[PDB]
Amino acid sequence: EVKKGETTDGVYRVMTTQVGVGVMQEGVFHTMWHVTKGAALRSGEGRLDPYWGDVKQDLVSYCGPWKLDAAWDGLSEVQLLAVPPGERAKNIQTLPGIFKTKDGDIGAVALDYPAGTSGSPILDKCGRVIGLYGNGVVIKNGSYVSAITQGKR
């Protein structure tokens, strides 16, 4: 009993113990590869099957192609919609740093949250998801820096 065309967009916990987080948008579930390892997901009766995935990008989509295409403008502050295990979803504003690789530059957020937070969305001021949190490095002082990992639409 739903209106034709209705979805339920939003942010979801990937549970097993929370192993990760994901974004539901336009009927596709977006999370990071290392969270599900391409395994199928349950959505209460419905089963989500993987559609696209890349280990190197550490991304995977379920039920359809990757839909998120907004990008950080390299200039403005962003918000991590952090969904840590056992805690309510919460918005953290920050100015991203920069990962510099031999193949270009990527935004990166210096925010530290448990491993089960991987797949939490990063937002621009429009509320558009500009990437997923949870693939980065631990620097010398023990703190964690995550790339703003975005896919291709």
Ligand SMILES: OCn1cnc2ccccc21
Contents of the next structure:
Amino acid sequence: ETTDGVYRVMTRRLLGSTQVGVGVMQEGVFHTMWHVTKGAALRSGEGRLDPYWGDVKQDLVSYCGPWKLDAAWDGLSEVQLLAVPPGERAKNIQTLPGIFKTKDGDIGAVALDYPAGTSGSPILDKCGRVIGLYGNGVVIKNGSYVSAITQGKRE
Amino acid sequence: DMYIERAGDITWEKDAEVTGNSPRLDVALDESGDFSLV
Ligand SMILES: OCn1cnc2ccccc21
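Take the protein just shown as the form deposited without benzimidazol-1-ylmethanol and give its structure as the form solved in complex with benzimidazol-1-ylmethanol.
To see the whole picture, the full complex is given below, headed by that same chain.
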């Protein structure tokens, strides 16, 4: 199936069924984070999805086509994390992003903590566009987790 | 082998829980794609 939406990424090389990550399907392309699949091919029922583009430093990978998600956080408004935790139902969480300040510029960051198998969950603006993926970040002083709003480049 | 299964629609929820802070962090991104605090 190539239906638009958010998907769990599952494996069976370990015990039982394990969720290694999450991804979004849009315009026939599956978008997830590189560390989730390590570029491996994916199964979709009877079909197969092969990697098309990826970059380890960006920690992004796309399947069946080029990266399609190009919406960006405006730097002002609150966003929603559509978290897909392993073994739990998808649930939206609204939040005001922080900032990752690097030498190459600033990127939005969401301060929400979830199991690592939630990596790849989409982050949305109020219009419903995917502005980035959740699951690559840091651990701060208190011990909580802060993830960047990781977005690719279309075309 | 990894496989995927659908988990929901990509949509904004008006009744969504609002939580989480908005910290300003100085970070560095290495060649391996791992962030670190500065
Ligand atoms: O929230 C996604 N995520 C990815 N790696 C993590 C590590 C700790 C907590 C959350 C994590």
